[PDB]
Amino acid sequence: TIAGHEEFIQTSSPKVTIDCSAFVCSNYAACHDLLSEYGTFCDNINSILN
Amino acid sequence: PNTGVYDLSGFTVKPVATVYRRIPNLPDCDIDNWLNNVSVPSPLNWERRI
Ligand SMILES: *[C@@H]1O[C@H](CO)[C@@H](O[C@@H]2O[C@H](CO)[C@@H](O)[C@H](O)[C@H]2NC(C)=O)[C@H](O)[C@H]1NC(C)=O
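One line per chain: the protein sequences are D and U, in this order. Taking the working numbering, I'd label the letters of the first sequence as residues 1 to 50. Taking the working numbering, I'd label the letters of the second sequence as residues 1 to 50.
Hints were generated in silico from the structure; no laboratory data involved. Errors might be hidden in some of the hints.
Claimed, not checked - Pair ranges (Cβ atoms, derived):
#: 1; chain 1: U; residue 1: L26; chain 2: D; residue 2: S47; range: 24 to 30 Å
#: 2; chain 1: D; residue 1: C31; chain 2: U; residue 2: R48; range: 19 to 25 Å
#: 3; chain 1: D; residue 1: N50; chain 2: U; residue 2: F11; range: 19 to 25 Å
#: 4; chain 1: U; residue 1: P15; chain 2: D; residue 2: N46; range: 17 to 23 Å
#: 5; chain 1: U; residue 1: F11; chain 2: D; residue 2: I9; range: 41 to 47 Å
#: 6; chain 1: U; residue 1: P24; chain 2: D; residue 2: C31; range: 31 to 37 Å
#: 7; chain 1: U; residue 1: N36; chain 2: D; residue 2: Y28; range: 42 to 48 Å
Every residue gets a Cβ at the ideal spot worked out from N, C-alpha and C, and that includes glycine.
Given only the sequences and the hints, what does the whole structure look like? Please build it.
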């Protein structure tokens, strides 16, 4: 006779993007002024996710 | 700058409309009832409440 079975292979994932400053320093301006002196942190996280 | 899709950030500030529920205690000593009290004092029987 002829038997049959099926298999699944995963080829992708959901594409998560993160606003780094709104995750860290949501809306308050003192937090944004403090986060500016860390420099290239949010840009490195955005670059890796891109 | 180069050609591309850039994720530029937005802005909003909301200082309006504080609502402030704050669980009131025992309400008042009710001197708005005592200055308007039905027993009106005299100088001879002047009334003091602490
Ligand atoms: C105004 O003050 C008088 C007393 O200064 C209050 O009269 C008292 O009323 C309660 C209940 O009706 C009685 O148990 C007391 O004995 C009363 N006091 C006296 C001296 O008789 C009156 O209730 C107050 N009224 C308002 C609207 O605050």
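Verification of the supplied hints:
1. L26(U) - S47(D): 24 to 30 Å: Violated, since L26(U) and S47(D) (Cβ atoms, about 59 Å apart) do not stay within the stated range.
2. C31(D) - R48(U): 19 to 25 Å: For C31(D) and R48(U) the Cβ distance comes to about 53 Å; the hint is violated.
3. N50(D) - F11(U): 19 to 25 Å: holds (23 Å)
4. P15(U) - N46(D): 17 to 23 Å: Violated - the Cβ-Cβ distance for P15(U) and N46(D), about 30 Å, lies outside 17 to 23 Å.
5. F11(U) - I9(D): 41 to 47 Å: holds (44 Å)
6. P24(U) - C31(D): 31 to 37 Å: Distance hint for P24(U), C31(D) holds at roughly 33 Å.
7. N36(U) - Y28(D): 42 to 48 Å: holds (47 Å)
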